[PDB]
Amino acid sequence: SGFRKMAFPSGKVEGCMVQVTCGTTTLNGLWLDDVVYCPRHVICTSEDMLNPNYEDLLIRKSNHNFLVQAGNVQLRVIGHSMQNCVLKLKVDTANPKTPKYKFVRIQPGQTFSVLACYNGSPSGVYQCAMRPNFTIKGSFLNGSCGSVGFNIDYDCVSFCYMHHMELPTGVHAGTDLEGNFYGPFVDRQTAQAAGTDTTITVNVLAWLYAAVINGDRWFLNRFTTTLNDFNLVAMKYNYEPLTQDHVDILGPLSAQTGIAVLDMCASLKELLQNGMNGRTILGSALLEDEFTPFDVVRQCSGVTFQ
Amino acid sequence: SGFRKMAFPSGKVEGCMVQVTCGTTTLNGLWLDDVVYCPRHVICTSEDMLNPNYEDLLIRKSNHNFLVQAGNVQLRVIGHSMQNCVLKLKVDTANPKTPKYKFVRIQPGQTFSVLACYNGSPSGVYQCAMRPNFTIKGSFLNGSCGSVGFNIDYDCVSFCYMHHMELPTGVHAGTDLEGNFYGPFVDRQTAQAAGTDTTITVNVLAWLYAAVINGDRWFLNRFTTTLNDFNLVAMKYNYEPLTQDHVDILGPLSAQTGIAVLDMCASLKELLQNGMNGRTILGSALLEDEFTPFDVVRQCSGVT
Ligand SMILES: *[C@@](O)(C(N)=O)[C@@H](C[C@@H]1CCNC1=O)NC(=O)[C@H](CC1CC1)n1cc(F)cc(NC(=O)OC(C)(C)C)c1=O
Ligand SMILES: *[C@](O)(C(N)=O)[C@@H](C[C@@H]1CCNC1=O)NC(=O)[C@H](CC1CC1)n1cc(F)cc(NC(=O)OC(C)(C)C)c1=O
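Taken in order, these protein sequences are the chains called A and B. Each residue of the first sequence is one higher than the one before, counting from 1 in PDB author numbering. Each residue of the second sequence is one higher than the one before, counting from 1 in PDB author numbering.
It is worth saying that the hints were derived from the structure and are not from the lab. Virtual Cβ for every residue (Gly too), placed ideally from N, Cα, C. Treat the hints loosely; a few may be bogus.
Said to hold, decoys possible - For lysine-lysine, the following DSS-like pairs were computed, each having C-alpha atoms within a straight-line distance of at most 25 Å:
| hint | chain 1 | residue 1 | chain 2 | residue 2 |
| --- | --- | --- | --- | --- |
| 1 | A | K137 | B | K5 |
| 2 | A | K137 | B | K236 |
| 3 | A | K90 | A | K100 |
| 4 | A | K90 | A | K102 |
| 5 | B | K102 | B | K137 |
| 6 | B | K100 | B | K90 |
| 7 | B | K236 | A | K5 |
| 8 | A | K102 | A | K88 |
| 9 | A | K97 | B | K88 |
| 10 | B | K61 | B | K137 |
| 11 | B | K61 | B | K90 |
| 12 | A | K100 | B | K137 |
| 13 | A | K137 | A | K5 |
| 14 | A | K100 | A | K88 |
| 15 | A | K5 | B | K61 |
| 16 | B | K100 | B | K88 |
| 17 | A | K61 | A | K137 |
| 18 | B | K5 | B | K137 |
| 19 | B | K269 | B | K236 |
| 20 | A | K97 | B | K236 |
| 21 | A | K97 | A | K61 |
To be verified - Short, incomplete list of chain B residues facing chain A, as computed with Cβ under 8 Å:
| hint | residue |
| --- | --- |
| 22 | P9 |
| 23 | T226 |
| 24 | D229 |
| 25 | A260 |
Start from the sequences, fold in the hints, and give me the full structure.
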């Protein structure tokens with residue numbers, strides 16, 4: 001009963017957060033096995049940030065320029081390389097709290113939990129989604145860089161995000177754990193702007209299903225729609241196109257409630273055209289697009305992690 | 001910048017969660033030192049739950065009736081006792097991952113993080129407020145009982161909540177860790193309902209401060225109200241009265257933004273009376289009341 005924006009339990013990631021210092025710049029690193037991953041801009045001074053030559057700056061560094069701290073313990077750095085926009089520091093000690101993990105690159109619309117860290121110490125956990133414009137709507141201050149996003153698959157932590165920067169209107173950008181940016185952003189102090197964001201239609205439909213499961217039904221109507229007619233209306237409200245794959249992915253949720261996906265789409269179409277008329281769904285006065293179909297199943301069926 | 005509903009990191013609590021089974025009932029327990037704490041209704045069958053004579057039921061239980069599992073490891077139960085609605089199982093092994101901890105009773109309006117668990121395994125985490133009517137708006141399925149709510153201050157875990165029940169409306173009730181219910185609810189199968197809830201005015205103001213700090217300032221106005229005049233209006237909308245102590249507590253946020261509390265109150269008066277006119281605040285079309293002043297300060301200053 002009840003429906004909440006809900007993050008993965010973070011303990012397995014907390015055990016991997018360290019502090020990385022290079023000169024006068026401190027931020028967070030991820031310690032897995034005998035490697036520490038962090039944003040490469042830990043090697044810049046403020047005066048390099050406008051147009052840094054990172055390859056050049058890294059040559060000028062030595063293993064001893066990197067101070068890595070896990071709690072009170074300094075970890076000795078015995079090697080360093082750069083992959084895309086992440087720095088990899090080889091340390092002499094493997095992290096005893098390393099979980100099973102992998103690195104994945106997620107797609108727009110997928111969700112993940114963020115463990116916000118400052119000086120290598122976990123501060124908070126929240127859920128968000130990779131927006132269609134490749135930003136995230138996070139909560140990050142100075143010091144947070146190197147905070148990671150992740151999912152848990154049973155006992156396996158999939159890391160999908162590492163935090164690097166803030167963009168106009170207070171949204172955020174970063175890389176996968178191979179150091180490739182999501183979207184066309186670059187790690188430098190330069191005017192950049194995200195494109196117009198859109199609403200993740202498949203997620204909105206998942207959340208309408210969550211609403212019905214939790215007993216909110218008023219928006220169900222007597223109509224169906226074709227996929228084409230649905231998209232004609234949705235394009236007009238800055239919604240992502242709903243594809244046949246999305247329809248097929250919502251099928252388990254449709255079986256659980258007895259409401260066919262295209263019947264749900266006809267209800268959404270009416271909500272977009274007529275508005276909510278002052279009314280709420282699962283306590284919200286707007287349509288929520290940061291639960292995937294899997295997040296809804298997970299929450300409404302209590303899938304667990306260890 | 002940015003502003004999110006943010007839970008505390010849950011790892012210190014995860015290392016304390018165990019599965020407790022008694023006959024056909026399994027739920028979660030909290031393992032601190034050599035004690036496992038869990039809801040006492042773990043000892044009931046379905047028939048028992050009409051009006052359980054807890055003392056009588058517990059007398060008839062054996063230590064051996066309690067299967068406690070921590071990962072792949074059974075803990076041997078060597079004693080049992082009851083404090084109010086919580087069962088304490090003494091086990092022969094102290095939890096090596098016991099963090100520094102206290103048990104606190106929180107006040108309506110205050111927030112905490114919930115680690116929702118099933119079969120002793122962490123499932124997810126989220127933030128709740130103790131509502132003025134002594135419920136929480138959680139997310140809990142069968143098997144969730146024994147999941148805890150907590151705050152972390154530095155390295156100390158303050159356990160404030162343990163989950164026992166759902167109510168009509170899809171809200172939730174539970175106890176502190178001494179096993180006293182928040183509100184007038186009881187641990188038996190009986191028709192129970194939450195009172196009328198109210199809006200946590202002081203929290204709405206904290207959040208409007210959060211909005212300003214993050215640059216969402218369209219709802220600020222040049223007007224000011226008196227405290228009494230503010231309360232005359234807001235109480236009609238079923239908001240809690242704002243007291244001078246509330247005003248005092250908002251002083252840090254007021255000082256940080258430079259907007260006096262009674263200046264901000266005129267914004268809130270206008271938002272209540274006229275709505276948002278299709279605008280949003282921090283992405284919300286409704287006024288949010290589950291962030292405390294401290295939550296805002298924590299997230300907007302970045303304590304760890
Ligand atoms: C569990 O004991 C548990 N094992 O997880 C609780 C879980 C609830 C089930 C779904 N979500 C929950 O929060 N609690 C109960 O089942 C409690 C038991 C407490 C009272 C001793 N409980 C027992 C009942 F007999 C009935 C209810 N609630 C209820 O009927 O609510 C309706 C909304 C369905 C009317 C209850 O919570
Ligand atoms: C970071 O390096 C860290 N140490 O935590 C991180 C933190 C951000 C600051 C405030 N919130 C954050 O998420 N990043 C930066 O400061 C990055 C540097 C990255 C790109 C190389 N950075 C630097 C900078 F000089 C400016 C910005 N952004 C910015 O000014 O945003 C607006 C919206 C004002 C254009 C930036 O992100």
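Provide an ascending list of the numbers of those earlier hints which the structure does not satisfy. 2, 7, 9, 10, 12, 15, 17, 20, 21, 23, 24 and 25
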